[PDB]
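Take a look at this single chain, the form deposited without this ligand, given in structure tokens.
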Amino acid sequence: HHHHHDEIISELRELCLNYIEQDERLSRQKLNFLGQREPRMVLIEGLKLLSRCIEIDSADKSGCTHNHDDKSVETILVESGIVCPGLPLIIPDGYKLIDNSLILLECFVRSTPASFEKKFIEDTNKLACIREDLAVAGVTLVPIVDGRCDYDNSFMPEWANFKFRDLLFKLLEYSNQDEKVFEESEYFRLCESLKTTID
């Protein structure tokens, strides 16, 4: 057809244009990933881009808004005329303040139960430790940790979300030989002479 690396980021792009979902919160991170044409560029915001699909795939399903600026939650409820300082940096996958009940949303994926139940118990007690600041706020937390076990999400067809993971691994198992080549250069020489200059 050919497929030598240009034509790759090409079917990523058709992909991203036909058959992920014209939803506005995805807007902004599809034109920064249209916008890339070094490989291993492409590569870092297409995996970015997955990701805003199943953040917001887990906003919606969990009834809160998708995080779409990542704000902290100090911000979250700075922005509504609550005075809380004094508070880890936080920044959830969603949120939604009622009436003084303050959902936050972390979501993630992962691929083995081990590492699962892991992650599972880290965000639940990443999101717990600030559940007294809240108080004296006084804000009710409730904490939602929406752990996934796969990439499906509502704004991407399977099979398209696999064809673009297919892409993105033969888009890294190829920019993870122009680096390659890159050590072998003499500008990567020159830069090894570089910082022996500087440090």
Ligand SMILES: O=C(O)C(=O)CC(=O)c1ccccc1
The other form holds:
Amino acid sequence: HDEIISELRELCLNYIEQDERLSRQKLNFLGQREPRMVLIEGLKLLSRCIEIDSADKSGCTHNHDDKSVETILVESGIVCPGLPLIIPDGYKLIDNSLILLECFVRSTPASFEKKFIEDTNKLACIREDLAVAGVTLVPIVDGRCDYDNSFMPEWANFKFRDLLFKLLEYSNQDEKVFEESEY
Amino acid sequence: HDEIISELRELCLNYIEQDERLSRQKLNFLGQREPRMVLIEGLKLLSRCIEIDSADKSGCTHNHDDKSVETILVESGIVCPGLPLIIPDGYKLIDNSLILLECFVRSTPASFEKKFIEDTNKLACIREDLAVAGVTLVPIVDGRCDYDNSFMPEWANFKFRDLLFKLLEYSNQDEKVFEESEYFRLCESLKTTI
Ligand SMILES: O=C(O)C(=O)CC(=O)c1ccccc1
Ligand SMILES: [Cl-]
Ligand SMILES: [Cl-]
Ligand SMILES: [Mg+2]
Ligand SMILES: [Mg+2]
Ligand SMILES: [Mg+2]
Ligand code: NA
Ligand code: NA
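Switching forms now, from the form deposited without this ligand to the form deposited with this ligand bound, please provide the structure.
Let's see the whole complex now, leading with the same chain.
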């Protein structure tokens, strides 16, 4: 556990590119001491790498601060009340067009298509609200089939995931030592 | 000394506020291994906390990327060629007025007043160059007498500085040991290529 956490921190500091948009989540990760919290912030760190790559590939701004669509519009001088709470992975306002980006990773075709339709529906549900406010929605769903990203060599991506999986294994191995113990 | 470095890192992670403007320098600091580089980046981290604190209390933008005044103007579409190279600690363009901020810490009254005059002159020397380009300079010099800032509790600021000083003492001993080493003689002798 201590060794796994140490190896994870070393990968984070030495083998994830120092793009400044990642620095906050790296610090969030490096600050964690509890295994369950290392795992949680490590998955989030991997996710941000994917999100920022998707934003750069899709031509918009990564939603670094988890702003809502409401805030993004207000931020740009656009009133649109009653908009449900939607926090996109990326966004870009060009003229009257609001690009909204959702991205994800899934590892089987069934889970891929399910999440693809979920994120599509999530953005689609504010199209008409945006249209009433003069904003044409440009919704983008970028589904990935693995965790490959431009900020990490493939071998270090793999080692990071292998190490996170060991923390998962220990948790699950922990409670089967709970389940054959208990009541 | 490994323990001192570890303590500085814990203070950085646990007691320096998670302001997004500090992310880069905090990460730069946490990645250092060599005692002297830990010391330099730790001092730079503390300086960054004060500079950003000053920008916030003076109502302007911290100069996150060390942009020059010329660069700040060309980003807002203002031409102005001349300009000496000047990197303010903070800036804000409002209407036709360019706020420029310099901040510093000094620990004696004589050094405080000397530095205040220096920074005041540094900014004043471009007032007319800006006025020709249509810009009213609003120059601010924020001189501080201690290291307090809003991103660190007072006790942690004190203990961070205490541990940096102990790390200074340790790296001074590393240097003296190094100057007794063959590596040092080999560095001297590499004077085969002046
Ligand atoms: O990025 C997104 O679009 C999400 O849907 C949230 C997300 O990625 C996430 C990642 C890690 C933990 C919890 C949510
Ligand atoms: Cl639809
Ligand atoms: Cl100085
Ligand atoms: Mg998201
Ligand atoms: Mg400065
Ligand atoms: Mg200064
Ligand atoms: Na609605
Ligand atoms: Na238009």
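Take the two forms, superpose them, and find the largest set of C-alpha atoms that agree within 1.5 Å; that set is the rigid core. Positions refer to the first chain, counted from 1.
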Quick one: once the rigid core is lined up, does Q177 have its C-alpha move by 2 Å or more between these two forms? yes
